[PDB]
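Chemist: One-letter residues, chain by chain:
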Amino acid sequence: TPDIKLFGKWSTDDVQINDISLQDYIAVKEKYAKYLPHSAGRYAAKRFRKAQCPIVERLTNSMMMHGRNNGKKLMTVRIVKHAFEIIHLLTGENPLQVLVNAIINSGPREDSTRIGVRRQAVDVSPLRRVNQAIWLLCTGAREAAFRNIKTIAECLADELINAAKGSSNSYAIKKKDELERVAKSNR
Amino acid sequence: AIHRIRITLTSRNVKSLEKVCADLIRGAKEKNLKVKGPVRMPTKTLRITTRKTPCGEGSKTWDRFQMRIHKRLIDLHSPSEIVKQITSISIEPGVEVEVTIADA
Amino acid sequence: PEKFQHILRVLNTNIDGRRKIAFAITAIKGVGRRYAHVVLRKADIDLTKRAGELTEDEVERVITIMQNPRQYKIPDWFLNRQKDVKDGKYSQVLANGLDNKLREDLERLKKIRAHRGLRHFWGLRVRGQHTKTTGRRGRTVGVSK
Amino acid sequence: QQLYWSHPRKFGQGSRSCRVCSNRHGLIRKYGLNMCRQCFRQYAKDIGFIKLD
Amino acid sequence: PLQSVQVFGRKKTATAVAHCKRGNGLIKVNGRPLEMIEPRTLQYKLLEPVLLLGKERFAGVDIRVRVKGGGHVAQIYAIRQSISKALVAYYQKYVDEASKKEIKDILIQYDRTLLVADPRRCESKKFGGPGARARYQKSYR
Amino acid sequence: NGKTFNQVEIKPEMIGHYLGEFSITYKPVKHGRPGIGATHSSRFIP
Amino acid sequence: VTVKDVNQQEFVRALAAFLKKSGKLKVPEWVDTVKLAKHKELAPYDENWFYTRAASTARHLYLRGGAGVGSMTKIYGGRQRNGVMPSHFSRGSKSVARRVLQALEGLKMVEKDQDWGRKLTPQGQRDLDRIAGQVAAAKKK
Amino acid sequence: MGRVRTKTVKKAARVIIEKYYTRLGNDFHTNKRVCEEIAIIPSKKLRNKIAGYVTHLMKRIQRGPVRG
RNA sequence: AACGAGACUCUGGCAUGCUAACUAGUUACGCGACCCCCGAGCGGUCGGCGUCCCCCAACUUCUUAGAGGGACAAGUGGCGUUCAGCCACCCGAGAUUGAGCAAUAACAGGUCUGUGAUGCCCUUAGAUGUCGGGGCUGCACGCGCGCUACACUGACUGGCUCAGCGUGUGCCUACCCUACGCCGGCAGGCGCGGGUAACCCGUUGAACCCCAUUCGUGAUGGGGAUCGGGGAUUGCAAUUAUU
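Residue numbers (the authors' numbering), protein chains in the order written: chain H, 29 to 144, 149 to 219; chain W, 16 to 119; chain U, 6 to 150; chain e, 4 to 56; chain S, 6 to 146; chain R, 98 to 143; chain V, 4 to 144; chain T, 1 to 68.
Hints were generated in silico from the structure; no laboratory data involved.
Every residue, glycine too, gets a C-beta built ideally from N, C-alpha and C.
Incorrect hints may have been included.
Stated by the list, open to error - Straight-line C-alpha distance at most 25 Å; calculated BS3-like pairs for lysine-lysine: (1) T:7 - T:45; (2) e:13 - W:30; (3) S:73 - V:77; (4) U:78 - U:115; (5) V:77 - S:33; (6) H:74 - H:37; (7) e:54 - S:131; (8) U:150 - R:100; (9) S:131 - S:143; (10) H:59 - S:131; (11) W:44 - W:86; (12) V:142 - H:37.
Stated by the list, open to error - Here are the in silico distance ranges between beta carbons for each label pair: (13) S:137 - H:200: 41 to 51 Å; (14) S:134 - V:90: 49 to 59 Å; (15) U:19 - H:37: 25 to 35 Å; (16) S:138 - e:49: 29 to 39 Å; (17) U:139 - V:45: 24 to 34 Å; (18) U:132 - S:138: 39 to 49 Å; (19) H:44 - S:134: 48 to 58 Å; (20) V:93 - e:37: 28 to 38 Å; (21) U:105 - R:100: 57 to 67 Å.
All chains, please: the whole structure from these sequences, using the hints.
Modeler: So, in structure tokens, the structure goes:
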């Protein structure tokens, strides 16, 4: 009975992670299943402690950002809640599969470091791949809502659905495919 | 006849007030005056914060001065004639002592 | 809908018949958000409708209330002209009448040459403000000779 | 000798001055001190104030 | 007999005290049902212990909670800790220690801070800036 | 005025004003050209 | 069912309807023109605001009795924006609070008490607990 | 970080072991009680540091010579 | 061998163990009182709700604050000229809490406008030692520290519910913090009480935040500069607008 927790409404057991490099860094299932994406946990205190934070809470932290929104975490939990309800109506699928596949598609795997207009190509680690993916799709949702009748709950759903299939209509896929094009010219 | 009668003590320094107050309890207990134990009131802090410079030049440093005040109460069940005896010994240090003839 | 008239002319000024009635009539000078709500409340009009949904006798009821507030029991403490200096009356001044009431006030101060009238004439700040660092509207001047 | 030889001094910087040195600028009214800020840093130890933090 | 215990939980300046006694299954905070504490966005946070342990472990006792200090969110975390810390202290005094271990292990394997306090408090402000670490602007020419 | 007396003929429109409102304590400004130090580029080396 | 057993927002709407249906509560002539507090920018959206203010005020006197006109202006206080300057806290209108307390005394729901202030009568207490049962029954528990 | 012990700690620990070797052992909580009665130490926090290095030195002396 | 470093002093986080409280509380009952029947079951012994009220009841968990306790790189595994030390982990409230104080030798650094600290120089009755009015705020222009915003992750109108640090009747010098009742849209006015303060303002009903409503991508119900008219309060006096 208490071994299965539905996050209010959505099951974790049917979720799959299809890139073997990220299975250690996208925290879902088992001990990482919780009722709400809100805890007071001391995740900042050591270098790799960050990897134990549930991925839905990492999305919730990165969303309370742009100056006028600092510290407002209760508002930011309901944005994620109403985005997952719209994703289920559009796709018919589990919202946690759409988030996991959007993260797997959006993180860049080659990039170029700066040395003097002059650059050199380098590899990207799996912790920086998951950090980059969240920041890109939060930025994509934030830029589209700024002068439209569309709510941020609708823009965050549109951005996650387009990233989960790689459509290149999303901000995150265009920016990933820019970083890897520039680095391919700096080999 | 007897009264319920109240003594209050006050100082800056703590450890002189401890020895004054302990001696008032002993002199009452050995004479069976049925003393009620020392009530510690909350501590009071005075603070003043000032610029260090006499003239307004330099990088802008500050001094933070403070003073702390400590207060106690003891209650006795005794005649008015014998508080005058026990409230007169060991009181030599810089401690205030005040007494009122009825408060209980 | 009825495809009714959606621009209308009220006091030598044009109202868009497309905003909520309480925010359409504030296109008249002398009528702010606060006064427009109280006029419609005395006029017995429902605030939920668009300004093009009023009938011809409803606009005449609002216009005749705006021009005579004191007879429909709008308070004296609400009004924009109080004890007017030349004749002692209380009223609300609207449209092109408000332009002339300010035009008379600035000339009345200038004719006796009081300090207010001179500051209004030289184009300087009239109330207590400083003038060294704010309100700049000229051109940068160079130090060269 | 004149009958008008003073003006009212019942409030403001005309009423009050330092108890040690008669100066009028930067004085402390807190807790009934009425010292100048430069005279306070000079006598604070004898009055019984200390610093810890 | 007066078979009962009183214990407390904390976060920031907030403190909550829970009294529990032999009974039928009542839980109240400040005289109200715990389904009706105002920030209902966090309702699963004060339901967590009874959802995790199951209502059969609560059926023998009545629990009354009083709370003050801190802000709206710090009080939910004080209430949550007072309830789970009261049940294990009541079981330790009045039933078998082998049953206390089931309760403590299931709580800690889900979340610490159901049973141990969070020590974090504010830093003090320092002169020369708006807070503890920030400084005012610097300029040269 | 702080150094001189300015004469006023009291018109009836002046009623309720102060006597000091008709006698002004300063001259209206009109500018001469800017001096050395007025701008950052203005610096002098011997 | 007591006032502490039901969700408080629809209790205020149920109590406001009971006052407004009775026909006995008197209202001031200026109810359509006042600004309700110093820090507001506009008059209230609802023509029925006075009955809602009385219903909330009776509910406050049930939970914490002995209030007076000054302490009611702190309950309905709020933030004032000062244009280009920083914002501060500001209290409610005294005349509205005084006339709302006098209107409830005319229903025999309120008394001026010993020491200083005001409290509910046994008749006021009866009428609030009677409406709390109606609010619970409307949910078909 | 830094856990290096200053000469005030290291010299007091050597002088204790030269005089009282027969009283001492591997238990920190017993060494902490012995060092409080054979010496005057002004601070509780200094007493804990001295009994700590004495406990480290006893475990060395059980293996071979220590030159000081 | 000496000073600086460190130690040292204040502060934060732990104690259901100690001392003990009508200027601090809890639990319980001799009980007493109002309201509800929702409850096995009645309008009850018994249930629910209380900053409703006595105790000549019991007590110290929650509040105050005195004494002691506790942590040492102490335990286990690696790495180290196997020393001095360094990395991970168990157990634990806790394995970097934050401030104060600070050496030798300097600077043509700032201050004579803090002083009855002070040398030399100047002035001293047509005074460079008191009252009345004005200025320090003047505005083509360049620069520095800041406050409010450009909106929908919002603004407006209702409803609900939570802090901590402090100050308070001025000792020449003449003023303090405020409950409650009444009058007024508001600022404000009158009456009458408490507090020299764990005792009274005060259970310090704080803001963002939380729940419901209206607007609809428009320099708009975003923003609130600039400016006209009227009313109170301080003061001996408000114009160059005190608030």
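Chemist: Can you name, in rising order, the numbers of the hints this structure does not satisfy?
Modeler: When the structure is compared with the hints, numbers 2, 4, 5, 6, 8, 10, 14, 15, 21 turn out to be violated.
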